[PDB]
Amino acid sequence: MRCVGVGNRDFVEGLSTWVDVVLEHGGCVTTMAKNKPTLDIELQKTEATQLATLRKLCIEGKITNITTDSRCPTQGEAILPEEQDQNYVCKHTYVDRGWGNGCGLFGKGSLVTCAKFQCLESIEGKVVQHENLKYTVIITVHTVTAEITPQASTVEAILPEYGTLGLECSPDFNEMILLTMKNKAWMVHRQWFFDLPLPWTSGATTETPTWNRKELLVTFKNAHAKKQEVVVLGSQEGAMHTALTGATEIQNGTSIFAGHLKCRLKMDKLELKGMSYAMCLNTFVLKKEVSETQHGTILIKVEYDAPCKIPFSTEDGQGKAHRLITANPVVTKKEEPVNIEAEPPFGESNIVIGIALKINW
Amino acid sequence: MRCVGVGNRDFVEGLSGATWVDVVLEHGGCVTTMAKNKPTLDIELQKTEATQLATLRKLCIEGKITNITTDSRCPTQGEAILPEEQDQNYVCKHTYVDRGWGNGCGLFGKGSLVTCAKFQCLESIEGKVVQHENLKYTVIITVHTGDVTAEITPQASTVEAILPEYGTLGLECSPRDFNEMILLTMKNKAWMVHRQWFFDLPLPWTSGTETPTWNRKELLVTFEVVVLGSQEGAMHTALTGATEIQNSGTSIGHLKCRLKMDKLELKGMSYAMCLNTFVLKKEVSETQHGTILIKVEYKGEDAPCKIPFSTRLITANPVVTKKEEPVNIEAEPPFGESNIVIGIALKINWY
Amino acid sequence: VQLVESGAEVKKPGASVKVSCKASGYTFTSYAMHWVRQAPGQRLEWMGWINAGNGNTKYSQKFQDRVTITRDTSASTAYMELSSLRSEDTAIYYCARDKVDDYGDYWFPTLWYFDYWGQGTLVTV
Amino acid sequence: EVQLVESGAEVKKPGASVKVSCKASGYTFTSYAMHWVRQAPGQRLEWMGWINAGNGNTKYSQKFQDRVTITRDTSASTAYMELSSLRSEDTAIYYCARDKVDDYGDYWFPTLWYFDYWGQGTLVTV
Amino acid sequence: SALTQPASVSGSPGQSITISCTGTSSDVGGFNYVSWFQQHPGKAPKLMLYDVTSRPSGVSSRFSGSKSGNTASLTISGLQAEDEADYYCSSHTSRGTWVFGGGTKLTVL
Amino acid sequence: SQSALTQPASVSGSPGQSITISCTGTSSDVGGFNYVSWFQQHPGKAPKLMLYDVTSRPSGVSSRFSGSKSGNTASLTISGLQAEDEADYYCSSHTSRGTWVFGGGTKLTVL
Ligand SMILES: *[C@@H]1O[C@H](CO)[C@@H](O)[C@H](O)[C@H]1NC(C)=O
Numbered sequence: 001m002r003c004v005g006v007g008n009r010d011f012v013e014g015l016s017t018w019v020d021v022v023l024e025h026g027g028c029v030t031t032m033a034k035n036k037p038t039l040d041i042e043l044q045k046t047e048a049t050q051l052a053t054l055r056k057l058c059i060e061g062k063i064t065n066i067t068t069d070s071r072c073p074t075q076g077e078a079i080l081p082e083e084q085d086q087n088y089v090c091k092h093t094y095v096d097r098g099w100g101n102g103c104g105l106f107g108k109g110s111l112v113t114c115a116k117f118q119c120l121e122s123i124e125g126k127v128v129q130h131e132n133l134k135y136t137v138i139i140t141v142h143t144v145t146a147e148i149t150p151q152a153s154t155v156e157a158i159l160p161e162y163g164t165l166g167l168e169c170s171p172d173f174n175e176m177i178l179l180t181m182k183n184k185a186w187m188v189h190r191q192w193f194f195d196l197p198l199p200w201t202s203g204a205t206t207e208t209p210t211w212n213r214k215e216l217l218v219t220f221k222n223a224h225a226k227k228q229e230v231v232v233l234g235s236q237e238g239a240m241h242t243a244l245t246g247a248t249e250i251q252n253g254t255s256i257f258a259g260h261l262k263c264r265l266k267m268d269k270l271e272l273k274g275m276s277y278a279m280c281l282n283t284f285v286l287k288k289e290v291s292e293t294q295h296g297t298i299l300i301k302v303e304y305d306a307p308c309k310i311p312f313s314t315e316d317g318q319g320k321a322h323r324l325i326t327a328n329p330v331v332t333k334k335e336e337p338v339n340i341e342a343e344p345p346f347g348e349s350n351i352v353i354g355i356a357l358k359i360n361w
Numbered sequence: 001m002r003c004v005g006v007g008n009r010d011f012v013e014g015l016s017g018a019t020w021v022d023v024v025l026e027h028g029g030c031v032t033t034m035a036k037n038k039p040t041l042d043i044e045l046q047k048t049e050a051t052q053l054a055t056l057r058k059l060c061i062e063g064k065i066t067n068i069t070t071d072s073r074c075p076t077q078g079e080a081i082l083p084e085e086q087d088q089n090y091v092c093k094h095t096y097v098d099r100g101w102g103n104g105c106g107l108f109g110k111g112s113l114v115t116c117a118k119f120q121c122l123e124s125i126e127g128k129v130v131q132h133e134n135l136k137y138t139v140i141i142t143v144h145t146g147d148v149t150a151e152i153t154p155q156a157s158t159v160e161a162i163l164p165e166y167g168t169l170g171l172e173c174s175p176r177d178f179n180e181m182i183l184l185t186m187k188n189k190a191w192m193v194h195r196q197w198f199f200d201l202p203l204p205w206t207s208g209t210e211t212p213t214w215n216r217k218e219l220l221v222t223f224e225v226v227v228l229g230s231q232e233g234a235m236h237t238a239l240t241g242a243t244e245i246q247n248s249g250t251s252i253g254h255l256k257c258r259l260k261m262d263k264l265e266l267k268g269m270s271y272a273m274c275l276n277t278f279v280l281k282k283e284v285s286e287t288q289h290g291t292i293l294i295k296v297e298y299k300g301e302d303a304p305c306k307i308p309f310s311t312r313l314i315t316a317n318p319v320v321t322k323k324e325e326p327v328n329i330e331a332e333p334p335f336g337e338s339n340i341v342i343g344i345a346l347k348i349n350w351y
Numbered sequence: 001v002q003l004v005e006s007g008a009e010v011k012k013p014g015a016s017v018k019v020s021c022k023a024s025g026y027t028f029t030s031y032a033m034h035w036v037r038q039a040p041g042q043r044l045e046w047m048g049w050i051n052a053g054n055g056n057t058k059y060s061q062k063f064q065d066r067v068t069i070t071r072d073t074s075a076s077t078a079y080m081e082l083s084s085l086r087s088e089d090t091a092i093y094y095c096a097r098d099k100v101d102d103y104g105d106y107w108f109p110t111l112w113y114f115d116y117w118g119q120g121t122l123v124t125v
Numbered sequence: 001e002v003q004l005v006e007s008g009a010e011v012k013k014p015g016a017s018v019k020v021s022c023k024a025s026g027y028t029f030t031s032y033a034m035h036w037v038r039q040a041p042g043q044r045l046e047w048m049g050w051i052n053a054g055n056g057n058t059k060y061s062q063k064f065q066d067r068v069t070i071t072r073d074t075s076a077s078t079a080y081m082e083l084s085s086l087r088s089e090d091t092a093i094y095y096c097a098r099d100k101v102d103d104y105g106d107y108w109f110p111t112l113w114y115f116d117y118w119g120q121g122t123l124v125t126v
Numbered sequence: 001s002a003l004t005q006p007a008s009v010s011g012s013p014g015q016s017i018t019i020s021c022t023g024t025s026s027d028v029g030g031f032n033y034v035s036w037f038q039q040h041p042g043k044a045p046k047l048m049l050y051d052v053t054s055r056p057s058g059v060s061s062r063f064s065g066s067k068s069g070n071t072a073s074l075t076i077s078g079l080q081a082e083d084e085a086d087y088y089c090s091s092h093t094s095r096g097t098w099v100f101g102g103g104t105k106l107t108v109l
Numbered sequence: 001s002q003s004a005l006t007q008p009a010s011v012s013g014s015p016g017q018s019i020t021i022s023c024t025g026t027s028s029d030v031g032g033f034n035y036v037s038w039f040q041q042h043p044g045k046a047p048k049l050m051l052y053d054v055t056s057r058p059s060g061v062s063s064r065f066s067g068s069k070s071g072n073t074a075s076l077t078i079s080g081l082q083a084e085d086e087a088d089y090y091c092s093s094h095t096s097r098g099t100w101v102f103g104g105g106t107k108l109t110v111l
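Protein chains in written order, with the numbering used here: chain A, 1 to 361; chain B, 1 to 351; chain C, 1 to 125; chain D, 1 to 126; chain E, 1 to 109; chain F, 1 to 111.
Okay, chain A solo, but in the shape it has when bound:
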């Protein structure tokens, strides 16, 4: 049904009302109290609601529009209009000139090369603010979601037919930055992201951006005083993944599982359903063999009059007795089976369901 079969499952009981629990992702807690229904609390989602894209780092870029300008000695340095264009990365050098290549004078003449930079593949850096954290909790009764914010810490949700439950939950994001790649995400420190050796631009959502620190992926190397060649560093994707293997990984969506939530349940106004129902007088049919759920508890699958209480009793060689994990089992329809979770009887005995089937296990 739910919360059954989960390995990291906690059973918490109301003290001699209120119930204190700790929810963690991938885990479920089953709480039980005197005269109160047994419910399953599970932390479904923990999200960052709205994030601002602060930077876009370029991990793979391309080069277009290569332009060159050379001058003879005694004519000064070369000049390109593109040196002022921020789409271009440029560098000056000096090359051997003379009569042989069109100069009246022999010497080293200035040369400038500019390449137009375009990013093909990029990653994003988003900002997380503590007030935009949104935990999602789901509450289910043994045969209703509520969202929790640091702004709205206490949540009152209504469980149909059982009353209303109260949830008082209590959970440095401004000093961390969420680094987003193709579909993954990591939580890293602000300064480290700021010092990443990759060209970046600020994601103003406007196309044809202006990239800064372009020299970190485009550099120049001049060979034997007769040319200048422009090189691209290549895809820094794997370098990023390697550098981020030790950072805290989340799932991207913006689902964080690096956070737990301690809550307090108020069952004062909780009412137990089916106290005015009659008992079922007909027979139950074993739908499945009973099995043990890793915690000693046993699951009994039965199929069925009216909405009724399910008669459940434990009798030894001679003499009956009354412990159920599923509180007040009720058959709502004859067509739909019901699963019953029980605390196993110690010592071989007769487990009677109805008024009836006999099962030992």
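Certain hints may be false.
With a straight-line Cα cutoff of 30 Å, these simulated DSS-like cross-link-like pairs (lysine-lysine) come out [stated by the list, open to error]:
1) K118/B <-> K62/C
2) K100/D <-> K187/B
3) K12/D <-> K187/B
4) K322/B <-> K347/B
5) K189/B <-> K226/A
6) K93/B <-> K11/C
7) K281/B <-> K48/F
8) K282/B <-> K100/D
9) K334/A <-> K58/C
10) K333/A <-> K43/E
11) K189/B <-> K227/A
12) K58/C <-> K93/B
13) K301/A <-> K99/C
14) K134/A <-> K99/C
15) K69/F <-> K63/D
16) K226/A <-> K63/D
17) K58/C <-> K118/B
18) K184/A <-> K64/B
19) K99/C <-> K46/E
20) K23/D <-> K227/A
21) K227/A <-> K47/B
22) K63/D <-> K227/A
23) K69/F <-> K13/D
24) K187/B <-> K36/B
25) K226/A <-> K295/B
The set of hints was computed from the structure by calculation and includes no laboratory data.
Based on the hints, put chains B, C, D, E and F with the ligand in the right spot on chain A.
Same frame as chain A, now just chains B, C, D, E and F with the ligand:
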């Protein structure tokens, strides 16, 4: 002409009227050799290649994942089994998952599961071996005149070259380890790296035949299953302090040689002097080493003649062959003010 | 809960067909969408499924190269595209739903999988 | 003799592309860069680009850099010029012209006697 | 097909009938993901049984199921004229796939 | 197709006289480098290189053709004009941007 506009230029002269001259050639540089009554030569190292190399390894820098396969079992039913677990194309991992009625199991417990991914490489690099015997130096010898290649192997070190109309030159070169280094070849560039350094690179590799088998695939695929991504940029970063060469054989560095000009013959010594006036066809200019180039044209129906020159000549025996075709003369002027006289007339003031 | 499939199409061998499956009456992103075809007079045959919450898919080895299953969350509609069509592909194509877990993942199906089926799209090649 | 031979006259539709060839004979094809120059009727000569036959390096005029692709076949000792997205303005005679590379096979600076041999010229009408 | 069903099944109205579904230890002998679908001519299959014994709320109790080893079976008691149709069993495999039975043609005499 | 180098449209002179065709560019093409070449084109023929390196001339070219350059203007001088000299003449220059530019062309007519 040649060897003049180059900044990395060496002037070596046969000492006290000698016929042999020892020089050292390096790429991007040119050497000017001169001897008494011998033509001035320009020696240049055109190419330095490694002839035939064996690709020892192939490193995978970008790979892809295809055909993910899964096998799960309920508790008390044993381990999961996939046929690909023995198949060397696949990287696999075993784990345990919570199973029960919810996932189709009669019993509640941790059931075994195996996941396998098929590895395929998208873009690769090579690690090749260079052997000292496959080195081939290419040298080019030219006569320095205003108006011939030899190949050298550590096997055939000494070369006799023919200069047309000028005789024969002797070259005794000596190539100046490759056993402990490996050449890393990428998309079109290559670097010289130590053998152990290449061997300890954390990338999946194979020695191949296509449709290969890759080793150490866990260096790019681990366990949800993830790919580490293109390690191209990481490699380029790792080689910033390396020696960049070009691959196609492969083009790589220095060469110490000895030139024997004993049998080299100088042409045009029997011509007479020109007695008419010379006309400056181009402005005289100083080279990166103090020498000056003078482009002149002769005026007067003389014959092929010696150009009267007075102040040391870099260009040996300047000769006007026709009045219509100009001649370029290179001379080394003395440091400080001096008069360059061309003819017997043009007078030029240099500093 | 209702599943609506696109109309019948007729194509020539070698072409491709793209049939749609629009969901109504339930949260589209909380259910995986499966595709099953049935040749005339033959049994049901499973082609693959898509997790509508995150786009994760998994195909049958018989259809893994020619089949592409996609989704439009804004349209709450799943798509099945079969390319390189053959005369054998003449069949009725159904879609069938199954629920995902609470974390949006689909590793193990529910026991009541394929509980709702679309009317079916006839594709003749 | 040194000779440059170009392909026959081609007539194409606007928006199409044309590939004219230039086969070199009488000299080492791999030791020379091949330039392409066009001349519209009644207009001046216009430089389109060049290809380094030794290493395949090319350089195009910024007027034609998107529509022009220059290639070479070393075994055929033949240069190729492809002009795409043809317009009626592209109606012109297309020449090839040679220039030598340095001794290292590079073509960074031309010689002073560049364009010393020219092809007969190929007429392209759009 | 990985699951084996009888080709054709017939019975008199009001009788009880059983259709078997034999697979392997990796589909039916391994997991309880055994389902039964009914397909009337021209219509889509309708889920009749799941979790071998369980049946949807809308489905009548006349349909019951059982499983032993690698063989499951759908039993229909008190046959009616509406039940004449094709019946398909299905199973989730160990390799994360789905397999269907060959189909059984149930005819009401 | 506006020329980057400027030539006179038409030039004429009596036979045997000397005539000059000018070619004005900028400090980045003609005023910057000695890559000044002169090509002769007879109508219907491919251009023929007449001068290169400003003053230098190919072996096949007569010595009557001489060249000069001053500032941003080069010049082709033809001494002793004959009827054989009638053709179109184009100056060209390697620029500072690794490009080539040609003059508009001059039609030389012998009166
Ligand atoms: C830069 O690229 C665009 C591409 O079409 C081109 O139009 C432009 O002219 C290029 N270069 C210069 C120098 O303008």
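So, going through the hints one by one against the coordinates:
no. : hint              : in the structure
1   : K118/B <-> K62/C  : 17 Å, holds
2   : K100/D <-> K187/B : 28 Å, holds
3   : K12/D <-> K187/B  : 37 Å, violated
4   : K322/B <-> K347/B : 22 Å, holds
5   : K189/B <-> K226/A : 19 Å, holds
6   : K93/B <-> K11/C   : 43 Å, violated
7   : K281/B <-> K48/F  : 23 Å, holds
8   : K282/B <-> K100/D : 23 Å, holds
9   : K334/A <-> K58/C  : 38 Å, violated
10  : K333/A <-> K43/E  : 28 Å, holds
11  : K189/B <-> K227/A : 17 Å, holds
12  : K58/C <-> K93/B   : 19 Å, holds
13  : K301/A <-> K99/C  : 22 Å, holds
14  : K134/A <-> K99/C  : 24 Å, holds
15  : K69/F <-> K63/D   : 28 Å, holds
16  : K226/A <-> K63/D  : 27 Å, holds
17  : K58/C <-> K118/B  : 15 Å, holds
18  : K184/A <-> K64/B  : 17 Å, holds
19  : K99/C <-> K46/E   : 17 Å, holds
20  : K23/D <-> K227/A  : 29 Å, holds
21  : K227/A <-> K47/B  : 17 Å, holds
22  : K63/D <-> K227/A  : 24 Å, holds
23  : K69/F <-> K13/D   : 44 Å, violated
24  : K187/B <-> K36/B  : 50 Å, violated
25  : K226/A <-> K295/B : 24 Å, holds
Checked against the numbered hints given earlier, the structure breaks hints 3, 6, 9, 23, 24 and satisfies all the rest.
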